[PDB]
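Listed next as structure tokens is one chain, alone, in the form solved without Nicotinamide riboside.
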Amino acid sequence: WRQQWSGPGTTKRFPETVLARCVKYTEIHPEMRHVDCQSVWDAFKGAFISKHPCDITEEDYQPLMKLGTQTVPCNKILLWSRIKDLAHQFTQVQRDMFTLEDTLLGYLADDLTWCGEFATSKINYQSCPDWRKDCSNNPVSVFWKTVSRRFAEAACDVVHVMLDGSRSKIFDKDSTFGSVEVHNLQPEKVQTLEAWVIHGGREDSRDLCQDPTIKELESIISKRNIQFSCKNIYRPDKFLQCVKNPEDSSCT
């Protein structure tokens, strides 16, 4: 019965964008110089083409994961949930820290959508499955689920997570962070998780670290035998300014 999927189609020039980004990334990060970008693309494409976009599994991405393996300083990880723009501006200033999208694999896929068809070897630019309305095991959702697991799993010592304090659920156990990332923080490596609850402005300067969802996060982490810490960030704009110029009079 299905005629179309409910989500946007594969990004236009998805093949050129993925190949190009891999080239640009490996040039900026000399350490990844050994990466054969055409091979990366082939592995990526091989993961979903000619396959029904609702039966993708993590194994499908295994070859891409292998080729894109990258070692990231485990005490320099910044996880984030529903506040990507600030997390990315933060790492652009605090360059020694990484978000998933600062790794080769995450950079390749960020902001892109893709899927194939099981009946052909063509990329579907018309539409792609929507995680909620169509099926959860689509090419895009399985990729992020797979690479998010690996990223959190590599974290050690003090791991930080940025959260949007203006949402009804600052911490949402049903997000990728609450389902995939938090449960993959290994206590043998991770000492403590520190959440930075970002304020939006509409809300008063209340202590969002007391929020019920944050107490939920704290319990979750406590049971993982990992310490939990939470900090309010009343002024996200001033915050970035101070990361850039730490010794400025406007800083707290």
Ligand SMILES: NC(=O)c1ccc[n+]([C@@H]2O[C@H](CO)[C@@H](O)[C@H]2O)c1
Given for the second form:
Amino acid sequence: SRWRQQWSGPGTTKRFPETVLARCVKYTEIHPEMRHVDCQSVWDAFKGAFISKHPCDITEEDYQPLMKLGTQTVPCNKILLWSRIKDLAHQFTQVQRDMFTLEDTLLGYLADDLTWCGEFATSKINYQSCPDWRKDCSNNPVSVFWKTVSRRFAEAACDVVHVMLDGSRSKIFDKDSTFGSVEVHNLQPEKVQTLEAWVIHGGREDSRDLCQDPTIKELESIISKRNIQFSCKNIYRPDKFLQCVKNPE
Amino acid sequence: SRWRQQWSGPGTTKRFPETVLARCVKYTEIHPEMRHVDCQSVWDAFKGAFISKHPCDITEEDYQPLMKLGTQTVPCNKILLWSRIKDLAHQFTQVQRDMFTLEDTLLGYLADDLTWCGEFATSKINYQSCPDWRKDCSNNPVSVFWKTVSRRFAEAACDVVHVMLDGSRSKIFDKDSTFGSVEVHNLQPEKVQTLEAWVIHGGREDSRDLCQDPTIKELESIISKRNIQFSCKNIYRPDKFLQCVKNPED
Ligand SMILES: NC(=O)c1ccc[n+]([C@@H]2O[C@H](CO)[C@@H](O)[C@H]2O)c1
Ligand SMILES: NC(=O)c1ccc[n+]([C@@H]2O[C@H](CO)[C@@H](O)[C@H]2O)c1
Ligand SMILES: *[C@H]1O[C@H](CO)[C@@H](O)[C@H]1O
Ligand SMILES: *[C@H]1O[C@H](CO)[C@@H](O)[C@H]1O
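How about the form solved in complex with Nicotinamide riboside, since we already have the form solved without Nicotinamide riboside?
First the chain shown before, then all remaining chains and molecules of the complex.
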């Protein structure tokens, strides 16, 4: 288009339509309980959320048709959130398969590690650049997608909700994250009794109780205000922790 | 009441209201995903289905308020049906904890092994007798309850559905059962590809292939007409079958 401006963020992932379609087919193959899904309809609703729209004015309503088609009931008491440490959370649920991260749902599975955006009044995907959340605009197709689906995922949790936190970083709990700014504030006190944090140890620091870290105390204060209880555990040896989850015999 | 007639079936189970309430509280305690349920409302809706009503004119609509409150999503590809061998089916799911029978749902859990009925125009439970489906009337509170919940359970299944059958009896498959007259006819062909039967052997079956039994062939014909595939397997050693599910390491 002769009106299309340059953005600071990377362009849409190459082969984005074909990648989403292939993922949808693969997911329904792996999960027989979701085989009612029509993957053509899913992609059509996904594309309809952002195609032909300015990629700085996307709203939660734009994704509502996709949200409906992707409706999925995950056992509300088996939900695992994560902050910065997505790799270990997914390895965990690959072993503890009755536990689920957002990326283990259909919608999270489709979009995991992809970027996308379009342009106003055109049917073309923008493969050259997409808005950066800081330098360009906050209401872009990718950021709006994850804050919408993340909020819905947290709203469905019940009983005890677990979150993995990255203990190798200066902000073990970071307000400037999906967990800190979306998930923690949309757990429903009527349904969730406790938020249990798993602080994953790593980095080049000598072993110490990281549940005493100031940002964890910050996290405890935040969730307590919402009338939800807080629990914290250190995962000192992640490799050994996974080994115990796999073969606790 | 001065109008109440005698029925041929046993009366309502003793302590029925207390038993349903206790079971509802116990179930939601064990299953956190169902704690949105208000057990008082569940009992009230259960009670409202048959109290003050003639126990020969109960309908599926009478139980709809209970059905709505009892809504529960079980993984549709992990459903286990059974015919006459209820004990082993429950022993199986207690070990294979990702599979569910109807009695592993809240609604099935409440009513398992219980009998109940009321009377028209009165608020009293009939602890003296209840209608027998054969000698008195088929549309009684118990029979109507189970045909309703069993149909919805069967309607929810998807992919591969399993049914345990009692191979120690003459009619391994019996049309005159909840499975044979309700469940098999309400599996949705759009969602279910296969019905897999597990024929449980009894006391020394000479290792005979019971999947060739005439009643099994009858089952295969019935389900095939509905455009669903059929698979059959013999469970020769029920006790050993459970231990292998307990300890697959061997
Ligand atoms: N699983 C994901 O890719 C994921 C989960 C939550 C938030 N995000 C955001 O989307 C972008 C594109 O992947 C990421 O950089 C996050 O900002 C992604
Ligand atoms: N779980 C049960 O007890 C069950 C399951 C299906 C049908 N029924 C009927 O209810 C009566 C009272 O328990 C039984 O005799 C069956 O007819 C019971
Ligand atoms: C917060 O938790 C989710 C994993 O369940 C992750 O995608 C982020 O949104
Ligand atoms: C048929 O299957 C059910 C077990 O899932 C049993 O209750 C009968 O209705």
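Heads up, when I say rigid core I mean the largest set of C-alphas that superpose within 1.5 Å between the two forms. Numbering follows the first chain given and starts at 1. Residues that one form lacks are left out of the comparison.
Chemist: At 2 Å or more of Cα shift, core superposed, where are the runs of at least three residues that differ between these two forms?
Modeler: Moving stretch: 1-3 alone.
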